[PDB]
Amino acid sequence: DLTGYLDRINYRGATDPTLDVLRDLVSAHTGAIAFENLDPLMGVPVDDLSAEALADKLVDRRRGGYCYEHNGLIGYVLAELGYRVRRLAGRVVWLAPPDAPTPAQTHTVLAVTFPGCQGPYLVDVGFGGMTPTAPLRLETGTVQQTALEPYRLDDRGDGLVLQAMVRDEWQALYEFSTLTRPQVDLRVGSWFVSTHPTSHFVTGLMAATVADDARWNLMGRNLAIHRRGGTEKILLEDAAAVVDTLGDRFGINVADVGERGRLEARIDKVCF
């Protein structure tokens, strides 16, 4: 399904398994396919992580997705290109203090290698609003400036913790083990996050995309545009404007979700 995907992320673009191509794929992907949880919000589970089902939705149907869908899809792409891809699981610690309760293992990221690589790279195009938009060296200590925030991995345990400087503060994003996880364990986690009544992807709306050189982040009716020298915040007026924004700014094929009236009613109930 490769050409369809390359067209959808508008990549144009050498295709060898190199570090340059990996950077360009990650920028293109993050620039093109939104993060969104319209499926779980509308009571539709994310239960099929195969290459076909994720391409059908994120490519053919011009929908976005969440972590399992994003890193699912890009993982299959990269493998097809001649990268070696290992799927990893993580726990989200965003904004949480050190004494927070242990979060579920609800995130998935990739450890990626390729011919002539200098060591493994972390690829994560699925952590919505703060997803790194470059592959990162899978090494600790190093401060890694991207097109947006700088990132840094730290040894914690047992595993690693990804941090970024968000506005003016170093923020831990998620902790993860470098142990490969079976596809079945990912499906268990995706089931949880897409169906559990306490899941943040069940109880509210979340969408995120990147431009030059801005993060566009949506939380319910709260739209934030995070640029280099400032953040613009917009309170969307009504469920109708939220859906327009999902289609227009986030590039999501909202018609796929069903009748516009039902999406709106759902967003109004949530959200509103």
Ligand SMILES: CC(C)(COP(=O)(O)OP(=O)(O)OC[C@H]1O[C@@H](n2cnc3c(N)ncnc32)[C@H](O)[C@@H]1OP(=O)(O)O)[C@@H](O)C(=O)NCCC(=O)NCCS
The other form holds:
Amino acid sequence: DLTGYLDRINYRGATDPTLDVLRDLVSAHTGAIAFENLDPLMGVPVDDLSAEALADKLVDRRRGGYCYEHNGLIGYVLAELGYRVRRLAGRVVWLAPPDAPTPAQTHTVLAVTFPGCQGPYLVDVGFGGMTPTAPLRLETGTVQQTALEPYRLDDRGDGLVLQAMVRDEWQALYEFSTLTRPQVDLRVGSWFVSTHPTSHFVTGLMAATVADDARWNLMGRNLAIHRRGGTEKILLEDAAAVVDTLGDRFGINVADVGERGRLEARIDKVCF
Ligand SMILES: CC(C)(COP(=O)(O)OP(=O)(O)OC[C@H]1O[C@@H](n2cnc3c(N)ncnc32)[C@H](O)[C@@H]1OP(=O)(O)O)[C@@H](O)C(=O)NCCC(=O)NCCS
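Next up, can you give the form deposited with the ligand bound of this protein, since the form deposited without the ligand came first?
Every component of the complex follows; first up is the chain already shown.
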């Protein structure tokens, strides 16, 4: 802690708080720690947002987690490296209507600065399927390239909206204030998302990771692989198959959950 972590993400690795080092960290982290909701899905809330609790889960126990766990963790880490970290909250609007009941603030992201930096950067290793896998400049109007899809920040409110080009369209991901939010608001937001019985993190399975050079997205028993925009689709045949995929492909420590019969029947109910 940090050698636990820098080793878990396989970064090796210079540690000075520079732009180069921020890009490489965000790259290794998103390549090694899957987005997943196995806990909420198993009726285990995500409540404790401390460095010790998140480190224990996403590093020592070799699990993934969601936005609060991912951006919680990588935030304690950059802080330690001597980056300056502000936590922000956001509402998710990915594939929202029209229809749109205003969404809850169920997302958290980071505004990061460092010595001699050219302005703030946005860090979000916890969105899931569409997470930006590079730090983005906290500036509006500029189209910003990554190893995968391009990103753009626009004014909305009061706040910003992050969009990404997917296929032949700009799609909105989440809206957010640049105001710092206290840890306690993050914890309230996490309680909601992990325990509210109509939460999609409670009622279905979702996983995401990046294995080169592509998004591997799991939603139920549907696995989508987006490489260079092209989507390949795999329908997993049974719950045993999905648990195996979570273990091999998504590199999650499934026994940590961790009676495989019990995970398999939740998956089967869910699912299935
Ligand atoms: C569950 C999740 C990982 C799965 O994403 P997914 O498997 O690609 O499916 P989605 O519902 O997100 O996307 C739907 C469509 O967009 C397409 N798409 C998504 N990403 C794409 C990309 N990288 N390139 C091309 N197409 C893409 C999908 O193929 C699908 O198209 P289709 O059904 O019309 O063929 C994702 O929706 C997710 O991470 N959820 C959001 C998390 C959240 O609420 N925020 C974090 C707070 S904790």
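Just so we're on the same page, rigid core means the largest C-alpha set that superposes within 1.5 Å between forms. Positions refer to the first chain, counted from 1. Shifts are known only where both forms have a C-alpha.
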query: Which residue in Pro97, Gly119, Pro182, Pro115 stands out, with a C-alpha shift of 2 Å or more between these two forms when both forms are set on the rigid core?
result: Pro97
query: For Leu38, what C-alpha shift in Å is seen between these two forms once the core is overlaid?
result: 0.0
